[PDB]
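Next up: just one chain, as structure tokens, the form deposited without the named molecule.
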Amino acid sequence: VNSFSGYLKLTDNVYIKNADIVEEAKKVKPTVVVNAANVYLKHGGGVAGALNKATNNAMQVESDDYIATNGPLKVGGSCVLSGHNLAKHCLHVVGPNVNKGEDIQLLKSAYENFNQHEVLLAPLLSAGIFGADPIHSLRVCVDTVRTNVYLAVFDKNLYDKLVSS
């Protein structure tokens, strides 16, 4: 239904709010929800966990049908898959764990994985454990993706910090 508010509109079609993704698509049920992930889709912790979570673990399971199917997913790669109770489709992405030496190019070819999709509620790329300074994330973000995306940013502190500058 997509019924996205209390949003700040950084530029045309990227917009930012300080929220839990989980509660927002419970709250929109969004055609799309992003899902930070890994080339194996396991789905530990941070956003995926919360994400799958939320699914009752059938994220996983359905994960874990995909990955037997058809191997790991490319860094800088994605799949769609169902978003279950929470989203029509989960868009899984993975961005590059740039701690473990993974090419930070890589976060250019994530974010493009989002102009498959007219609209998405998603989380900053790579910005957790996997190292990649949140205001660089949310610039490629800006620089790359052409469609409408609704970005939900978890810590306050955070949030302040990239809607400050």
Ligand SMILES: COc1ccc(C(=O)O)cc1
Contents of the next structure:
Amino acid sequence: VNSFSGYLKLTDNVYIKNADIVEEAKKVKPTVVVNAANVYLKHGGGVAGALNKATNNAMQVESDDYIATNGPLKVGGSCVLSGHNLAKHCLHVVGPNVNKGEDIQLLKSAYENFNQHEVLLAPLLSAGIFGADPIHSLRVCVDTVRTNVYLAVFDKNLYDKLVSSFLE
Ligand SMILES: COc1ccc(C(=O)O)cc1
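Give me the form deposited with the named molecule bound now, not the form deposited without the named molecule.
Now the full complex is given, and it begins with the chain already shown.
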């Protein structure tokens, strides 16, 4: 039903909220939730681990089946799998891990996957353990994505920095 509420307009197609993306997915029933994935679709921590836990491991079993046919995803790549109880679809997207020397330029590729979907509930890509500056990631999202993105940011201090950078 894509019942988004309380999202702050950044641009005509990019919205942001200080929220837990799992709790958003349950309230919003989005067509697409984006997972911040790794190439093996192993949902061991961060957003991935949270989404998977909220599916009680349904997401991990399906992800394994996919990886059995595909092998690992490419950096900047994606796959569309079931959203289970969280969403119709989960778009698993792999941003570059800059800690492992993956090039930050691949972040554009990663966000370009969002343009295959009219409306998404998403995290910021390559944040947290993949080591990209989250405000940089937001700029790449705004520059790259032309479909309607609803970004959930868990941490209030980071949320305020993002909104301050964008609007002040
Ligand atoms: C709860 O997540 C969803 C959202 C949309 C749909 C649908 O439109 O079919 C199904 C499940």
